[PDB]
Every structure is written in structure tokens, then in C-alpha cells.
Amino acid sequence: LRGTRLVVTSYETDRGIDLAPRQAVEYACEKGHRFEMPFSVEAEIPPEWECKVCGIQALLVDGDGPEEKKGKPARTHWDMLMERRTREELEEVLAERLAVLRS
Amino acid sequence: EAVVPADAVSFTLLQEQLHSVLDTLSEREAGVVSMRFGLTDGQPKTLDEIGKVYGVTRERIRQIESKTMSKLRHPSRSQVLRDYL
DNA sequence: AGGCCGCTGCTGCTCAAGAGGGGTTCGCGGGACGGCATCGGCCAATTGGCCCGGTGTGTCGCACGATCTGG
DNA sequence: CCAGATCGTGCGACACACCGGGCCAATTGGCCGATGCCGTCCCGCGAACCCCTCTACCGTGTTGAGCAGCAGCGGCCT
Numbered sequence: 006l007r008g009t010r011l012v013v014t015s016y017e018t019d020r021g022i023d024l025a026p027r028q029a030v031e032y033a034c035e036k037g038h039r040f041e042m043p044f045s046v047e048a049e050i051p052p053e054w055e056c057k058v059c060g061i062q063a064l065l066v067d068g069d070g071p072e073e074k075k076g077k078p079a080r081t082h083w084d085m086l087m088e089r090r091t092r093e094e095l096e097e098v099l100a101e102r103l104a105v106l107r108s
Numbered sequence: 430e431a432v433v434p435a436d437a438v439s440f441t442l443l444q445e446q447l448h449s450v451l452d453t454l455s456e457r458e459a460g461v462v463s464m465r466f467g468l469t470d471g472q473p474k475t476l477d478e479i480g481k482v483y484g485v486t487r488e489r490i491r492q493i494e495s496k497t498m499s500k501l502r503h504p505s506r507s508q509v510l511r512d513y514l
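Respectively, the protein sequence lines represent chains G and F. To convert, count from 1 in the first sequence and add 5; that's the authors' numbering. To convert, count from 1 in the second sequence and add 429; that's the authors' numbering.
No lab work stands behind these hints: they were computed from the structure. For every residue, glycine included, the Cβ atom is placed at its ideal position computed from N, Cα and C. Check each hint, because a few of them may be wrong.
[Unchecked claim] Listing some non-contacts, in silico: residues in chain F with all C-beta distances to chain G over 10 angstroms: (1) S449; (2) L454; (3) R457; (4) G471; (5) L476; (6) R502.
[As the list claims (entries may be wrong)] Across the chosen pairs, the derived CB separations fall in these ranges: (7) G/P26 with F/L514: 33 to 41 angstroms; (8) G/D67 with F/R487: 43 to 51 angstroms; (9) G/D67 with F/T453: 56 to 64 angstroms; (10) F/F466 with G/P52: 35 to 43 angstroms; (11) G/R20 with F/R511: 26 to 34 angstroms.
[As the list claims (entries may be wrong)] Some chain F residues judged to face chain G by a derived CB distance under 10 angstroms, without partners named: (12) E430; (13) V432; (14) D436; (15) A437; (16) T441; (17) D470; (18) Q472.
Whole structure, please, built from the sequences with the hints as guidance.
Listed below in C-alpha cells is the structure:
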């Protein structure tokens, strides 16, 4: 039989090569974890990353990251109740339930 | 995708034999060929980069490279390199 | 009648079904932009021709002439 | 005996040996400068590509052998 893992290789070595320049950017975690990351000089620095210690969101040493609201927390039972029913129906069922409870 | 030792040794021999053929060429010819194809470093530099070292014009770098290819692509130095292709 | 000391049996582990709505990919084209690639000239530059002008030194083509071996 | 091969010697030719002159042929090879087609990229639209959402007659159950530990029980002991 013949088989191949989807992996590519090159006839090439580490000796006798000059490495391109890189810059170390520092990131900090909420709990105090700090780490360094090497990036190419001809690169853009993203504002947010994941931590190398506890796998939580982390920002740069200098903070310039605001919050943009995401639109998909809506799903609850309350908003569906608003969508399905008007306020008067909820008020009258509420009044009936209080009446029977205090009865 | 397993490194076959025969293929690795063949490639190493090809790499060692390629430099010798460039050795018999003049200094400028071997230098410009190596820089253009990045044999020594792996980064193929532009014609202006090559001409900066020697100070010759871009067009000069264009011509000097062509003569080297004509020399190597001749029935006088091809035999040493025919097998590896 | 509970605690406890043994027996004895049992078990377990191991070796040989649609429909709608929406953001994103990519895939064709589609052309615009900038760039490098290809073709008449062109003259006065190193090597190498291509010789004049002298002899000499030394090979070769042949004349006079002596010695020697064979005929 | 003596005459040509071999060699001595001589005269000439002479194929260049020199080391120096004085111009030239061929043959350039660069890209000079001018002209032209292809690679890259930036949209432009559209086909598909993947994800999420909702539908209300109703309907209510998947072998042998060897060795060791634990549960039940007979029977003292208090």
C-alpha cells in the first residue's frame, strides 16, 4: 500500500543562513502574566491576542482598545415573551395569578 | 514524505559540485550569479542591489549575467552538470 | 443478641424535509496601470595580421673531396 | 684492385631568430536611444458557500491454569 500524510518538506538547512530582523512586542494578562512575541518589522501589530499562560484575552502594554458591541446576546425567554405577547396580556395573567395566590 | 538518505546525499553532492563550476568563472561573474540566485544566502536580490556592490549599471548587470549563462550553457562545461538534471 | 474468629464459595485479573434570510468566499472577467524587454545604429578600442629593415645563428639543398668497407 | 656511403668541408639558400617598429583587418559589445507587450493589482459583479432559523391534527420506554480479594455463614465469646 501507499499513503501520504498531507505534509510537505524541503531539502534545506539552518546552517549558513542570515535571519531577517524581528521586533519583540510585550503583552500582559489580567492576572499578571507577561510574555513576548516576535513579529516581522514589516508587519502590523494587532491590539488583542491570547495569553501564553492561562489562555485568556490579553492586550498590549499600552491600552488603546475600545469595545464594540456584538449583536448576538439577544436570545432569552423574556424577549421572546415580548415578541410573542403584548403587555396587557401579561398584566392580566399576572393579576389573575396574584388573585388566586392571595385567595 | 520520508527523507531518503540516497536523495539527501545526492542533493548534497549537487550543492558541492555546483560551487566548483562557478569557481572557474571570473570573480565578478560568480559573484553576480550567486547574488542573483542567492546560493550563498537564499535571498534573490534585485539587479540594483547587485550593481550597488560593484557600482556598475543595471544594464551592465543584465548583460554580465547573460554571458555567464551562455558560458555555462555550452558544450564545454555542461557535462559536469548534465547528470544531476 | 452483637462482636468477632475463622471457613468456604464466589468473583475478578493475567499468562499462554423542506423553505427563508444573510454574511463571506472566490471566481471569473476586466481592464488599467506601470514597468522592463527587444531592435536600427556605431565608432575607435585591446588582442592579432602584416609587413619594412638590418644582420646573425642555425637547419637544409646541394657541390668538391678524403676514408673506408664491401663488391 | 677501386667506387659509392659516410662524412668533412664549403657555398649558397633560406625558414625563419631576433627585437624592435608602424600601421591595419576582423570583430567588436556595450546597451544609446526608441518603441512595444506582459505582470500585477484594484476593483466590479456575480455564482456558490456556509451558517442560522422556523413548522402547531399527533406523537410520551433500549479454556485452562494460577493467584488474590470480598461476601455470606458456622460457630465461639461476652
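Status of the hints after comparison with the structure:
1. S449: holds (17 angstroms)
2. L454: holds (21 angstroms)
3. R457: Nearest chain G Cβ is 22 angstroms from F/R457, so the label holds.
4. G471: At roughly 6 angstroms from the nearest Cβ of chain G, F/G471 sits no farther out than 10 angstroms, so the non-interface label is violated.
5. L476: It holds; F/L476 is separated from chain G by about 21 angstroms at its closest Cβ, greater than 10 angstroms.
6. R502: Correct as stated: the minimum Cβ-Cβ distance to chain G is 24 angstroms, above 10 angstroms.
7. G/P26 with F/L514: 33 to 41 angstroms: Roughly 36 angstroms apart at Cβ, these two residues keep to the hinted range, so it holds.
8. G/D67 with F/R487: 43 to 51 angstroms: holds (44 angstroms)
9. G/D67 with F/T453: 56 to 64 angstroms: holds (58 angstroms)
10. F/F466 with G/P52: 35 to 43 angstroms: holds (41 angstroms)
11. G/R20 with F/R511: 26 to 34 angstroms: About 29 angstroms separates the Cβ atoms of G/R20 and F/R511, which means 26 to 34 angstroms holds.
12. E430: holds (5 angstroms)
13. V432: holds (7 angstroms)
14. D436: holds (8 angstroms)
15. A437: With Cβ-Cβ at 7 angstroms, under 10 angstroms, it holds.
16. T441: Cβ of F/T441 sits 9 angstroms from chain G, so the hint holds.
17. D470: holds (6 angstroms)
18. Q472: holds (8 angstroms)
Checked against the numbered hints given earlier, this structure breaks only hint 4.
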